[PDB]
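Q: Below are the chains, spelled out letter by letter.
Protein chains: 2
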Amino acid sequence: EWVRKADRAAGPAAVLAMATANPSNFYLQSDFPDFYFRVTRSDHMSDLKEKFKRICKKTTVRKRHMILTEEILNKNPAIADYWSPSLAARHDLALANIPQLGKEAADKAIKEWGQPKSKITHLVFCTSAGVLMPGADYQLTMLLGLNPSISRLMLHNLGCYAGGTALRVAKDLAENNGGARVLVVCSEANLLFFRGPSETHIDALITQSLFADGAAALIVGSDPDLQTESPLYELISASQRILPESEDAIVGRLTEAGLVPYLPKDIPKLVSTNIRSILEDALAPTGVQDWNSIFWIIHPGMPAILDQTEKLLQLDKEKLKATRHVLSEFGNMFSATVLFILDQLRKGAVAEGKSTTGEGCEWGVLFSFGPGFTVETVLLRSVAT
Amino acid sequence: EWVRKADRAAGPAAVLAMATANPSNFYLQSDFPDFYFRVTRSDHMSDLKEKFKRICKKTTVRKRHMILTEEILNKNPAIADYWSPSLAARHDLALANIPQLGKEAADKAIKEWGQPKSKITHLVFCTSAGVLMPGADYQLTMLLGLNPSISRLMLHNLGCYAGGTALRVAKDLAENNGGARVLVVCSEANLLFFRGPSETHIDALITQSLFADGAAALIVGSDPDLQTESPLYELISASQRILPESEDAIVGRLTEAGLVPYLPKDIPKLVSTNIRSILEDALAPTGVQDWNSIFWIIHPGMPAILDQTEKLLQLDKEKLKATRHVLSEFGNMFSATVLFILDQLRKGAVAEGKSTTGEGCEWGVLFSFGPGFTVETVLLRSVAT
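Residue numbers (UniProt numbering), protein chains in the order written: chain A, 7 to 391; chain B, 7 to 391.
These aren't lab readings, by the way, just hints derived from the structure by calculation.
Hints may be right or wrong, so weigh each one.
[What the hints assert, rightly or not] For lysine to any residue, the following SDA-like pairs were computed, each having C-alpha atoms within a straight-line distance of at most 20 angstroms:
| hint | chain 1 | residue 1 | chain 2 | residue 2 |
| --- | --- | --- | --- | --- |
| 1 | A | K271 | B | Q145 |
| 2 | B | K11 | A | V9 |
| 3 | B | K11 | A | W8 |
| 4 | A | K64 | A | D313 |
Construct the complete structure from the given sequences, taking the supplied hints into account.
A: Put into structure tokens, the structure is as follows:
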């Protein structure tokens, strides 16, 4: 069967531009334990400091960018406390930083896109760094001077899987509206999760070794004008799933002291048990049987999950090179991380001179996860270079 | 031009079922000032009590349903304080009430729909009553036993306009996915806004006279099976807009004591200045020139806006009957209110025996507003009864 266009778009949603941004301030992971235990004014609990240095090394993280400097923490000592009333102070930092960080990435993505920002018709904006009313989707619309009649979707506090959510949402917006151009911005920071240490709570300590700050911006649209627009990826399918027997695996309670995490269940084992059937469900319409003929983007929120997935599917240990690079160079930037990885993978494909934006492969899978236990899966199709 | 279906849907998104729910506990507005100033243990500030009784009368509200009973407030005295650390306690109440309230409305809407809940493929869930990780979208999916692979969109703290946002989102989900059935649930409560009085802050006092609790649930899908499904409305267009010169008109800061509002600009004057051009922009593809030949749903967050819009467009004073009924009987239930009004309008059209679900008219406009200053506009088309 066939129907007229009317107002809808013909082809699948395509990623037409991507860019990233980070706060200028960064910390090297080798220096972080000394800095962390100093500024949280917690040098005495030396056994925990030794635990943190062991934890920090096995993250395989090299540096992380952070809004929170020593001076800012000194002007907001409640943030450095393990648990003190500090939500308003964190949200004042989110208001001064999160939309601005999203604008730095968006400006670069619009620069690569090359079209007037007046053609942007939708904005999807995700952050777990601060609940603002009006949201950072509004603040960005004002800072960027986007059209006042843009269709916005503000996604607060979905957690680490919201990178895939943002693509899943943009896919339906672009494909159902002719001429629609969707600005996608995940702007993330540890502003709600940062806190001092306590031997009573080690879940919080592990999160202090990984979470970092950064923004990723994308332009998504269907039916590209192939003269002025150059697609990088095609969004072919996008799905969400709650894993069986995963109740309360990842829980973040928003309190007077910010976001406090809770992680009872063994997350690597949940992913390992379910990863294969999810992936071959996503690959079902492609005709791919060898898992090494596709490109890969896995949310590196737990580095062990990269290792066990690599060995379980017997991946070529260069398949996750882009994923491990972003992890090492930036840490876990919440929902932005998998879009950082999509960008690094694109740049490395161009750099090393492969035939496709997907490192020489045609098909690729993007896989992120978070509270639920929730998995977002996106099937991507590369573009010849 | 024409394209094949593939996986997309043919026709416009239609509302196929709606239902509402409220907490059992309610307060009559005539009794509220005495109850409010007693339980906030603020009887001494008698001048403010007289202000509150004047404010409460001109709301035209008769009763409001509230999770917060006298006993619950007594077990959480920080909530009754004007400004005390109480976010965790409010969020514990949201976890015990908001998904459950959404399930009461959803069950009724699924009952009217008549199809197996296994055919629900998407869930859109809006609330400003509590930021939960995982969200109330997840909790509802578990309580309802919906498919683990449902595509969810959790919308936290958009404010009062999220009723139109939820329809705008559901429209693209239903129209771009063949066979998709979208459960839409706005479950709202004053859990983050309730607090005691302070003569220093009268914006907070006015909000205490209007905000109330309730949930609305809808089934939205394109291409109805006209044997087993009966459309109630068609979602023809859905747009969002930031009003000019409205910076910081409605602001809600999420603090250690919950949500505190701030309302400097004159909201009735912003709406009055812009209402007509927005409405005739929405009506542009219909061919309607007389504003009394369409049915009406206006978010009654400020009752004065109903009066000034009525007189500005010289409406028949029965056009807003459904809108004023929900206001009087339930108060301002945040994003759920305009869906309550859509339901009341449908029921009254059937009751009084009109020819269309839109009170005998063909076209109708749904109009809600919130932080931005943001306006959501939905063009609806009724169905013969």
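Q: With reference to the structure, classify each hint as holding or not holding.
A: Hint-by-hint comparison with the structure:
1. A/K271 to B/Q145: 18 angstroms, holds
2. B/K11 to A/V9: The given pair, whose Cα atoms are some 7 angstroms apart, holds under the 20 angstroms limit.
3. B/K11 to A/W8: 6 angstroms, holds
4. A/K64 to A/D313: Measuring from Cα to Cα gives roughly 12 angstroms; hence the hint holds.
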